[PDB]
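There is one chain below, alone, in C-alpha cells, taken in the form deposited without the partner chain.
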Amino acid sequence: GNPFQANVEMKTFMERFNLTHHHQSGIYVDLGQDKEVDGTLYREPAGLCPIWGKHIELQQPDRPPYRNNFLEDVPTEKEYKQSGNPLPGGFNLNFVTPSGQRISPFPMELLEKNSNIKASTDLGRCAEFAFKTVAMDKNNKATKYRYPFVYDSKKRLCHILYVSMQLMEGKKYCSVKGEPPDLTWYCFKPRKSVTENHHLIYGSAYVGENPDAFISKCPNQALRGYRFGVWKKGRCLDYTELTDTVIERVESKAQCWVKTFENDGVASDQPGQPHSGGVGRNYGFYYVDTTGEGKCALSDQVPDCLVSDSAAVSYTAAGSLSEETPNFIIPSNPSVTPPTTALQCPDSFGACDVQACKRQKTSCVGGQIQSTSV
C-alpha cells in the first residue's frame, strides 16, 4: 500500500537514502575496516558513499608555521624539527614517484585522460584513483590498506590523505592551540559548515571500487519539498510523528543540514560495535512549525516514504546542502543512469488510522507526487 515501495521507479529512488545498505560504515568518523601494514593492523575507512562538505578541522597554534588546513602536506622531519610540537602541516600524502612526481593532490585532467580510469564522473575518477592507490610498507612493498580521499571540486584536485584519522580529542592525547606542549598531535574533528567547504567531498577509497555506484545508491543531494518518513499503519508518518525523533529549533535550513552530520547520534566508528555499519541518526529535515519557527527533525529511521511539504528540505549526514545536481557527478556516457523524474506524474485514499485519526492521500499535483495525511 506504500506508493514509495509500490513501483520499482519509486523503490529505486528511495534506496539512495538507505545508508546502512549502500554506505555501510561510519559517516562522521568512518573506520569500518582494518588492514595490515608492517605487521600492524590499522583501522581503515570503508564507506561506499562520498560525504559532501565534510572536512577535518585542526587545532594547531594560530601562528606560523601552522596553517590549520588538513589538505596541507604531512610534515617532513625537518619541518617538524623547525616547528616543535605539535606536528605542523596537514593530512595530505606528500610522497613522490621514483621520478620525483608528486602523487597528491592529483589533477583531474590527467585522470580524465588515463584510459585505465573507467569512472564516468569526475568525483568517481577521484575515488577510483584512491581505490587504485595502496599504502606501501617499510620494505616498499604493496599492502591492502587504502587511504581516504578528498575531492576538491572547485580546483578539480584529488587529495589522497596519508592521515586517515578523523577525530582526536582529550588533553591526554592531543593539544589545542599548542596546549599541552608536550604532545605530538594537535586535536582535530570532522566538520560541516553552513557556508564553508561545500566544494570538498570526503570519502573512503572504497567509493572507488565500483565508481559509478554512488550516483544511484547514495543521497548525494538535499531533497527539496518533502519530509522523510516511515510507512506505518497504512500511511506515511514523517519523523515529527515518531517518538524517538529529536526535534530542535534552528535559525536556518543549513543549520539543520549540519545537524544531520554533527549530532551525537550520527553513524560513527570512533572509540573515542565500534563499527556502526552506517546505522545512526543520519536523517533529518528542516520544516516550519505551525507557530512559524524553523525546526529540525532528526531520526535514525531509514526513510521508506515521503510526505509532501513545500517548505521542507530533507538532509542526510552524507549529502550536500544544495538540492541541485552538480556537473561533476553527471556521467560522460549515456549508459550510467544519471542522479536526478522519480517523483513526477489518481487521487488514492487509504484505510483510516484510528490511532491517529488520519488517512493517507496519495495524488498528483503540479506534475509531482503528493503524499500527505488528511
The other form holds:
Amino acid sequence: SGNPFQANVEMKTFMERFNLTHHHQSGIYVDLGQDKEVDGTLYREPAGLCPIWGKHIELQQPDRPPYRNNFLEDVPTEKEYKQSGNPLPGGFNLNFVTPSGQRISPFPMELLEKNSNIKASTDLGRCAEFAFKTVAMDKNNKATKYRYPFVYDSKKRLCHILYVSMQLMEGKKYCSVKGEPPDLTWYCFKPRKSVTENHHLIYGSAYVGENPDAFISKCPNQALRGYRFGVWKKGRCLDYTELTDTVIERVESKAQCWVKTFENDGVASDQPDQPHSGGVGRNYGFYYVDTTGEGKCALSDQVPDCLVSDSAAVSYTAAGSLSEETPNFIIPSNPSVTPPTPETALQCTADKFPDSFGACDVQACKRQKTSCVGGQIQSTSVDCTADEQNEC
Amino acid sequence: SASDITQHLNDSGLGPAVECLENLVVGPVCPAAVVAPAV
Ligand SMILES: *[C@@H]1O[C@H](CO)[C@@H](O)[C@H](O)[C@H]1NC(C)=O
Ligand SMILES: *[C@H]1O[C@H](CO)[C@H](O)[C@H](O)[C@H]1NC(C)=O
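Switch from the form deposited without the partner chain, shown above, to the form deposited with the partner chain bound and output its structure.
The next block holds the full complex; its first chain is the one shown before.
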C-alpha cells in the first residue's frame, strides 16, 4: 500500500474517471445495456453513461448513387427503398418532423444553448440532454421509456438522434457488402474509430443526458499524456506491460493504439443471446516507445488505479478521444464548476513532496520510486537496494 | 431460419415500429412519409 494515486479524495476522484465499469456501465464497442417494453414487446436499448469520442458506424453500401455510405444520412422512406432496390439506402438519422415540418434531427446547437428545457452546461451535454428528453410513443400514443442514441457533430455543431440503435451487423447470412449478395435487405455495418477521420463525432446513448453535466468529471474524455496506466500491487505500480494477461501489439503511431483500445476483440460489447458487458472488457491501453525505439500498444481490461510516468507514453480508453487537450464544447462557462485538469490533479511542489522508495518487490526485484519533477508526480519502478537484491 | 434472422435482428438492437416520438423541446414528431418498415 501507500499508492500515491489513492492518497486523497481529489486524487481518487481523478483516478476514478478511468473506471468505465463504474461510470459508463455498459458496452462501448456495441452498447445495448438496457431492455425496454414497447407495445408488449421487449427491445434492446443503449444505456452507457459516457460519451464515446470518435465512434462512428461504418456502412458497406454499394459505391453508386443513391448510396452515400454515411450513417448520419436520414433513414430511407419506403419509396426511396423501392426506388433504390436492395440494400436499404440512407443512414441511421431520425427523419421525423413537427406538424409544421421542422426536423428534430439534425438539430442546431444555437437553438439549444439558450432554451428553457435545456439546462446542461456544455454543448455536448446539451445534445445529450436533447436526446434524453426524446422518447418513443406507443400505439395508444402513450410515452414509453425507450430512448434513442445520439451523435454530436462538434465541428458542424449539430446534434443527431439516431432512429437505428443497431451498431454491428455482419455475415452474408444477415447482410450484404457493397450489394453482395443482392437478395438481402441490410447492408453490413460496424463501429469504427479512425486515425484521421470523424474525431469530431461523439456517439452516446440517451442516458449520458440523464445527468448531462456528470460526464465532465466522471468520464475519461481525453487521452492522458506522459503516463502509462497501471495497477497497484505489492507496494508498487505495475504498468500493463508487466502483467501477463496484457496484450502487446506493434503500431506505427499512437493513433493506431488509440483506435486499438476501441477496436480490439476484448473491448466491452453487448453484441450477441443478449450479453450485458456492464462495461467490463479490454478497454484500457497505452502507446509507448520500447527500448529499441519502436512504437508499441499495451492493452488491458484491468481498471487502472495507478500511473507510471513516461513522457513519450500516452494512455487511452475505448471511450475517450485521441487528443490530450480539452475542447471548448465540454468546458462550462463558469470556471468554478470545471473539474481539475490532469496537470492540477497530479501537481506537486518539490519542497512539500518528498522522494520516496517503496519496499522491494522480490518477485521482480524492483521497487516503487515516487517523486516530484517539473511540478508533477513521477511514479516509476527502480532497482532494489544491493542489500535487498540478495532476497530476490 | 427466417425466425432466427428476425431474432438475430432483435438481439442486435432492431427497434420498435413507432409512428411518433415525443420531444420536450419541439413536442411530438412524426415521419412525413412512410419509413421503410425493415429499418
Ligand atoms: C471499478 O468499478 C467497479 C464497479 O463499481 C468496481 O467493482 C471495481 O472494484 C472498480 N475498480 C477499481 C476502482 O479499480
Ligand atoms: C477548471 O477550469 C477552469 C477554466 O475552464 C478554471 O481554471 C478552474 O479553476 C478549474 N478548476 C479545477 C477544479 O481545476
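Residue numbers count along the first chain shown, from 1. Rigid core: the largest C-alpha set superposing within 1.5 Å between the two forms.
>> With the core superposed, a Cα shift of 2 Å or more between the two forms singles out one residue among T243, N139, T195, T290. Which one is it?
In response: Single hit from the list, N139.
> Superposing on the rigid core, do we see a C-alpha displacement of 2 Å or more at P334 between the two forms?
Replying inline: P334: C-alpha displaced by 2 Å or more between the two forms.
> How many angstrom apart are the two C-alpha positions of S153 between the two forms, if you fit on the rigid core?
Replying inline: Rounded to one decimal, the shift is 0.2 Å.
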